[PDB]
Structures are given as structure tokens and as C-alpha cells.
Amino acid sequence: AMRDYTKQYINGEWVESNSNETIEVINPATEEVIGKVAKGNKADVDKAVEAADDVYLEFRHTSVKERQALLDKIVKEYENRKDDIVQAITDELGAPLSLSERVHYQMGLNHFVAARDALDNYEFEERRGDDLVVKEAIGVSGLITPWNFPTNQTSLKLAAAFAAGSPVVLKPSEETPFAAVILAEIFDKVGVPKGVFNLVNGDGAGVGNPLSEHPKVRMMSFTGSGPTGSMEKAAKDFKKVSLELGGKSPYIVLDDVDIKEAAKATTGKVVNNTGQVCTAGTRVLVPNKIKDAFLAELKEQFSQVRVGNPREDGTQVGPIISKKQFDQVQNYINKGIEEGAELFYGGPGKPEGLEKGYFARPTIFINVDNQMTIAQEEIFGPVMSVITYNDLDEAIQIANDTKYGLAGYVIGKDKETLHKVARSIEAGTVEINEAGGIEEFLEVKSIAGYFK
Amino acid sequence: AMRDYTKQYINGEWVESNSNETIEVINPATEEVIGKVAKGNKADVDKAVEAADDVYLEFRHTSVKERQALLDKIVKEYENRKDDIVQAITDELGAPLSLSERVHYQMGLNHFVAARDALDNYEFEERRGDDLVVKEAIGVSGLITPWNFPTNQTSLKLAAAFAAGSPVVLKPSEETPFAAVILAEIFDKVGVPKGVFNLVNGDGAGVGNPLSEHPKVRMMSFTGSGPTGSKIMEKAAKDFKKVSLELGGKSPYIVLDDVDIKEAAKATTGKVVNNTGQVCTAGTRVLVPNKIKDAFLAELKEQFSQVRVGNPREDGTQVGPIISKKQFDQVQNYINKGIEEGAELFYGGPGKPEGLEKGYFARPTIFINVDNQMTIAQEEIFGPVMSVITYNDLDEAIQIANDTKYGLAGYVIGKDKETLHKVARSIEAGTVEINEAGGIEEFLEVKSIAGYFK
Ligand SMILES: [Mg+2]
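Residue numbers (the numbering used here), protein chains in the order written: chain A, 1 to 452; chain B, 1 to 454.
Simulated from the structure, these hints should not be mistaken for laboratory data.
Where a beta carbon is used, it is the ideal one built from N, C-alpha and C, also for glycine.
Do not rely on the hints blindly, as some may be mistaken.
Not the full set, but computed from the structure, chain A residues with beta-carbon under 10 Å of chain B [claimed, not checked]:
(1) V75
(2) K76
(3) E77
(4) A118
(5) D120
(6) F124
(7) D131
(8) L132
(9) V134
(10) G224
(11) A235
(12) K236
(13) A422
(14) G437
(15) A448
Partner residues aside, some chain B positions facing chain A, computed with beta carbon under 10 Å [to be verified]:
(16) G12
(17) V15
(18) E16
(19) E126
(20) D130
(21) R218
(22) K231
(23) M233
(24) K242
(25) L247
(26) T419
(27) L420
(28) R425
(29) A437
(30) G439
(31) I440
Calculated Cβ distances over 12 Å to all of chain A for the following chain B residues [as the list claims (entries may be wrong)]:
(32) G310
(33) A424
(34) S426
(35) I449
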């Protein structure tokens, strides 16, 4: 049941790419080719950007009620596509079937519902004295989205842009294009106006680069790796840029913790989505006194992690997304071993019986010095680095020495200690004890003397 | 007398620069050098950034009433320095004395007042369910400020950073460092804690580049030219610093056919000549209806004659000189480019006015029969040069008004209210002005702690 996706969605219809080349989409679990998309070029981008540019004033000044109605149609049709979306995510990403529906599918639906509902009370116009302040769509927006959560960032940005009235040109990851294609089918069926949504498949060089360079794109929203994030080509055109960051996130374990619970929680942060999450708990800070006991429970917990085929019942962890990505995970593991980090559990290679498909082994390094490569750099795989600490201020100092500011975690009993740690960690998000966007597309204009 | 400003203000004291070299500051009106500042280097920057880095955690967590009282001390001392500030601005910028007092000085004062007052009630902490959401100072922030309003962007950013609890490293324009030096004196006198404010004078290569590239600077705030802006924002792409760029533009002024001709000429002339046309929001493109064209130009010729260009310290001078020789030449190059392209010279022209050959003085200049595709239509001149573009139907006017690379400002002057509203709403700009009618968040970032109260 091969999928031929090679057409691009531009100006209200599916059209053949200007490029004669295609990109094979691979199932990370079986290594087999499940379909293909266009390997897109500048010509595709230019055609799509022009189509967006032609409609941007029309979309901007579309009434809020009208845009909300469109979002409702999208909500309905998205639900109609539920099984198609779950199957696609499982196939292309390698996510277990249960997580495909309850996490990946649900995320997308939530973003669209939230955007539609926000338009009930959102104020695009405010009177101050004799002056009127308005908020309007920024206009044509480029979107480059990650593979790790193909429905997440994609649905979020599209829902926001549609709510705002900004038309878009989307390049999904060539690694996981299928969910984006379905969204395009959805948009086409509910009839989002011609030019408002455009889908151009391809890679960074063929598509990503020209899109970020296009003079008629007023806004650029990117999600992905650090180097590609470097924003340099959008500084020439002075595009508004939304950064998305990788991270090495510390998980600090207090010495008063229930050890089994800490082991469960930290394992979960590392193992989830095969460890490819930007917020993952890959650096675990443990007290010396409870170190041996914690490691013992940790080893136990890892052995019970279920790594295998996503379509098979019970699978917790699927494969790594791609050969290239799988290789990077292996190299980082090998590098930690070269550094003299003691390998506690797992390590390089594939699990027995899993030799087909890219399957990383959940891996624990212990006695890690924070200056080590596996400590400093983002692996994007199920690799945990355990770092011991004697006192709390030391743990904080370690947790805070990183290039990344993305996320942090702490688990323990004593409240003030938990609060001291949480407040001390410098990150946008800190989570204690496993506790369970439209502005971006808008511009503010003040009209002076409107009323007088 | 000659000001020796060659000392940097770093780590709570006036210190000798690590550099052995200096930069001369010139009076735009007299062409003489009125003083010197350090030509700063990477070493000065690193010392300043480290001094800020050492204190940033403490300043972030200092209390609201503490920062507010600091700003209040600043407000008071800023008022004490009023004459010094006015003289300095006039000397270094070339702004007329009355404008330096009424506009430049006042702007800075208002900024510190607004920031102080805003802290009266501002919510840095909000509980949501069992989660805590806090707004905290982003930490060490670099500031690079322009010469066209030396006390404006400087005071605005400094007040915001102080209100937020972010320490700063400031590099002022080496064209207009004096106002910034005075601010430093004020901050030192009222006892802004050491490391919180740092002044490093120099140019783009010695100071601006190392500052923008510094791994310990978490935020960069820049106001100035486009070319430099792209340059600095590109250097901030490696560290993924938060960047705020504020840039110039070509702002259309749309005149309706029902307007009063004299007041139209009065309004449009004012928007062009103010601050010798160096304003980012300047009204440099003037769109006039084809029917009132001849009558408008005649009154426009009359209004420009009433514009007094000359010595800033001379009583009644409306318009001073251009800031610098380099910038004066740029204005000249644009005026010539207009002639070269076939734009019709109406009033003014290239060269200095008769009677000032000394100082950099551009003649207020009107071009008519201008096509919007011309260079003088499409590019910011930063001088008192007006391009008059006629239109037939209002749809054409909006089209021309919105064909520019800039989104900065727009103006419409007329009578019919529905027409004014439509034009105002149609112009793409951040600020639109109908009939000549009359922050801290930048330095804060949000941190959510999940299950804080759980
Ligand atoms: Mg000067």
C-alpha cells in the first residue's frame, strides 16, 4: 500500500513539483520504503510564496468570525481523518500505535480546537482615548517543522496562522511528511481559500533555504536542530524568526526521594519517544549517599522497558527516526565510551531480534563528568547520563552549566528543597515530582486620532 | 571646553580603557572636535560583560520597591542634570537648543518616569492551578543605541532593563556619546549597584562586534541602520541571543483632496524637516491628489521658505545640521541620485545653504513628478528631502503608499472621516497618524514551574 505523495500543494491544488527528483520515505521500524515525496526546489517555493502573497491582504482582512468558522471546519474534518493520521504517524515516525492516537493525534486536534475557541474572546481591537490599537496578520509566513512530533509543531503553527489570518508555505520534515500531507488534504476538503495554505516537500537545501531567503516571506517559524536554526538568512531580509531549541535537561534527584519512583520517573524522561524530545531528562543528577541504591533500581527499570515493533501490542519504545539519526545516536554512545564514561546498561548496537529497523538500546552511563561530550551535547536518543553530586548547590551548579536553557526537572520529598532547586535551575520550564501562539503571527498597529 | 570622555564606566567606576586609542567627537554645526571618548576593544567588553554577569542573579532577585526607588533616584538626578543634557545634545547632535530641551531631554525623563510608575502594579508572579509562572530578568543585555535621538532609545532601554532587573552593557553611537556619559554620571551618583550598568565607548569593530558575539550576553537590543542591523543579528545567530532591532523607513504621507491646502503643506513640511529629516518615521514620501497638485506645490514652496536652517544655538533655528560628514555625504548622494534618475528638482538641491559652508548642512529639498520605483522613492535618505508623488484614485495612493520595503509609519491628512479611517487601516505600518494627532517586557522571560503548589 505505497503512498505517492510527490505532488506539492500550491495555490489550492495538488501540482507536480518543478523538480524531477523524489525523496523516499522510510518506515524506521521495518527499514522498507513506504512511499515518496517531491524533493522540492526554489521554483516550488517561489510559486507557493507568490500564491500566498496574492492572497495575504484578503486573508488578513477576513473577519474574525469567518476565520473561526474555517477553523471549526478544520476541527471536524481532522476528526474524520483520525485513523489515517494514526496509521501515518506510526508508519513514518515509528511511534507505538497507542502513543500515535493518544499523544500525536490528540496534540493536533487540541491545537485546532484551542485556536478556534481563542477567537471567542480574543481582542484584535482596543480603543485608547482617541486612538485605536489593532492587531493584524503579519502576512506570508514560512513554516519548517520537526520530525519528532510531526503533528505537534505543524498543527500549532497552522492553527495560529489561520486564526491570525496569515497565509503559509509549509515545508514538513522530509523524514515524516505524511501527517502534513493529510493536513493538506483536510485543508483542501474544507476549502481553506486558494493561496492561504501551501505545502512544499523537500530538504533544507532545495526548499528550506530558498523559503528562508524569499523577500516576500515576512515571517519565518522554524523547529529543529541547532545548526539549521542558524536565522542568518532571515537576518538579511529582516524576517521575524521564532527559535526552537534542542536541550540537555537536568533531572535532579533529592536524597529523600522514594528510590523506585525516582528510577521510574527518570527512566521515563529518557526513554519516551526513543529519547528524541528536546526537553528529555538525559542528564540525571544523583546524591552520593543514594547512588548505589538508585543505580540498582534504575538498571531494573531499564530492563523492563519494551523496545520493539510499534504495531505490536505492548510496545513502549519504537525505533530511531532514521539511519542518519540512528548513526548519530551510536556515535554519541561510542564517544562516551571513548571518553571513559562507565557504561552501566545497554550501549551501542541493536537489541536481539531487532536487527531490522533502526533500534537504539536504552543506555545508562554512570560516573559521568559534566564536561564530557555525552554530558554537554544533545544526543536525541534513549541515552541517560548519570552524574553524582555531594551537595545541593553543586547539583544546581552542574544543572546550570549547559549551553541549553530549555527544561529542568526535580523529584523529592521536602518542599522548600524542591522549591529552591526549581527556582535555581535556569530554564523556561521546570517540573516538580512529575506534575502532569497566535501573537506570533500578529502585528500591532496603533492609529492615532482615529476617534476624534 | 573639550570633554575628555576617554574613560569607560565599568564595574561601578570610571576606568581607563584597555585600549590605548581614542575617538574624536565632532560638533556637526561647527565641524570642530568637541571632545574624545575611548576607542574600546574586546577587553573592555569582556570586563563589562563579566562585571554584569557577576551581579545579574542578585539584580534579578532584588525587590520591586528596590528597583523602583532606584529609578526614582534616577528621575530626580536626571532633572538636576537638565542643562548639561541639553547643551550636550545640542553640541554633539546639532539639534536646536529648544528642541534639545523640549524633545530630547524630555523624552529621556519621561522614559524613566514611565518605568518607575509601571512598577507600582506589575505582576511578576502568577499562580495557575498548581503551577507557578514567573517573569524574571533575562540577565546580561547588550545595548547599541543610535545618534539621532541620543537620550531616547538609550533612556527607554535603560529604564526598561532597570525596571526588569537586567544589568546592561551599553555602547552608544561614537557620534553622540556625551548624553550617554551623562547618564552614566547620573547612575554613578545615585548609586546604581556596581556591575549593573556599564558604558563601553567605541565603534562597531572594536566594541559592537565583540559585545554582540559575547557568549555571556543573553540579549541584544539594537537601534540603527539596516546594514549594521543585519550584521549584528547575524552575529547573534550562534548564541541564539534574543534580538530586538529598530530600523528606519520610508513613511508615506497621504493627502486627501478635501484637505486644507495650507495645513497640508504645514503638516508634510514638518514631518520632513524635523531633526533635519533624520527620523526613522519621517514623512519623506508625500502622496498628493492630481487635482490639488499645483496648489499644494505652491504652498509647499512657500512653507519650505519659512524653514530656518542654521546654528542650533541661534534663536529661532528650526533645523540644525546633519549629524556627520559621512551621513551628510549620503544625503548628497541621494539628492544627486534623484536628479540622475530624472526626478524633478522643485525646491532646494545639493550642497550647503548659502551662509553656512561650515558644519554639515543639507538644504531642505523637494522632488516632484517622482515615480515610486525611483531610488529616492524606495530608499531612506535620512535628510530633509521630500519626494512628492501624485495619484489619481485613492486605490492608487494606498498601493503606492504600501509599495516600500519598510513597515514603520504612515500619515493621512484630510476631512471625510470614513475616507480617513479606510486609508489609515489600509496603510501597512506600525504607527499611523490621522490629521497630526499626538518596554519592560523586552528584558523579561517567562519561567513556569509545574506542580510548584502541588
Ligand atoms: Mg557628533
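Violating hint indices (sorted, rising): Hints 1, 2, 3, 4, 5, 6, 10, 14, 16, 17, 18, 19, 26, 30, 31, 33, 34 and 35 contradicted; others consistent.
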